[PDB]
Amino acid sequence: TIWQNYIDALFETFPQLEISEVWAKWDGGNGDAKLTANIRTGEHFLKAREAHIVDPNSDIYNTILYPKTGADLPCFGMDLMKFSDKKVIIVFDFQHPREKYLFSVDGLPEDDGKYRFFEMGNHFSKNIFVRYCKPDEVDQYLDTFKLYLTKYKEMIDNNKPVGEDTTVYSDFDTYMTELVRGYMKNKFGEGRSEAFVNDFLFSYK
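Just the structure of this chain, alone, in the form deposited without ligand BLA, please.
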């Protein structure tokens, strides 16, 4: 995968997040598409849920860390998406569970507001990070990603949250579910795509 350095950085920062379930291994596409879905658990987190899909023209790593509750911490989410042979979109952010709550982190870049990608202040922070690039270029943004990870580890470590109330994340998982799902439908079928979104991606609704 073109995302190996991101994945390595994520689990260097959070070595406690160990695979607790391999939720799915699926073939799809022409199968020439392979999907891996893992649930990871470990100190300070309810779960990290990691989706990784590859085919001849795509490489998608979609992962959200859901911290334990009661410290009002955000999730950390990323959608690292090679979607064609020559194109990638990279998105990562601190995604707060509370609707309409504006979050930010001192010392991180702030989006300039030139492009309207996501609803700022509603499960996306001032520091939303969105870039398009070539597959050949994806590590240009690795250093910035590592800085985000450093700030997230600091807030997790400072707070040591212990709550296990998954309903904290209901509004967030509903919102993300509502946010065509063309890729998944085309490759794995309408049924498996629906199960993937509801039972794995956003299962706290």
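Positions refer to the first chain, counted from 1. The term rigid core refers to the maximal set of C-alpha atoms that superpose within 1.5 Å between the two forms. Compared with the form deposited with ligand BLA bound:
- If you fit the rigid core between these two forms, you'll see the Cα of residue 116 move by 2 angstroms or more.
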Second form
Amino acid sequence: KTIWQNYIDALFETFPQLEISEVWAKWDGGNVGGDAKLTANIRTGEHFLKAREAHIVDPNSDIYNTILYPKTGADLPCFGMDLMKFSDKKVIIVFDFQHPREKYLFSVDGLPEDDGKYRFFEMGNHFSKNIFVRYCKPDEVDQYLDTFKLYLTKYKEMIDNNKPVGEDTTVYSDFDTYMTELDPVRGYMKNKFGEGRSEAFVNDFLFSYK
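Now show me the form deposited with ligand BLA bound, since the one above was the form deposited without ligand BLA.
No partners, no molecules, just the chain.
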């Protein structure tokens, strides 16, 4: 199992409509069975274009990367999460409302802020004033679970109060173009699963509305 199960459960507790509509990849790779496992899922449901759910695990790594893309028409942000356990004393937890409009600073008043000193992501470009990043230990991940449920409640609120119905995937063009520029997914998958698979995972699954 995953250290992440309590995040994963809270996610689909808040959004019970997100049913798997395509299992994009179940892949084995890494060291030889294969010791690296990818589950790539796409989920649909009321008020969403998609939720794309990547989950990679090997003996050392445990990575859950999931973006909720809502239907367009209501200027709504995505909700993105990168739950990354690299070693057994190194985890990084990332979650934010990620707005499709470039250069623009989105926020939700009441929520942790941020500043925003965090190095790998740029506040105000597809990351909000309330971007949540922490570094911690595997055994202490659930300390931030309630904060997580607070972001989910707020995001649920804004979906429910706007109820978008548009399907204009080009709204997310700039966003997914930007996110494809992030490292290291491309190379991590390259090594672990091969070039064809890394290319497809990134361009056809993770960030496919470029």
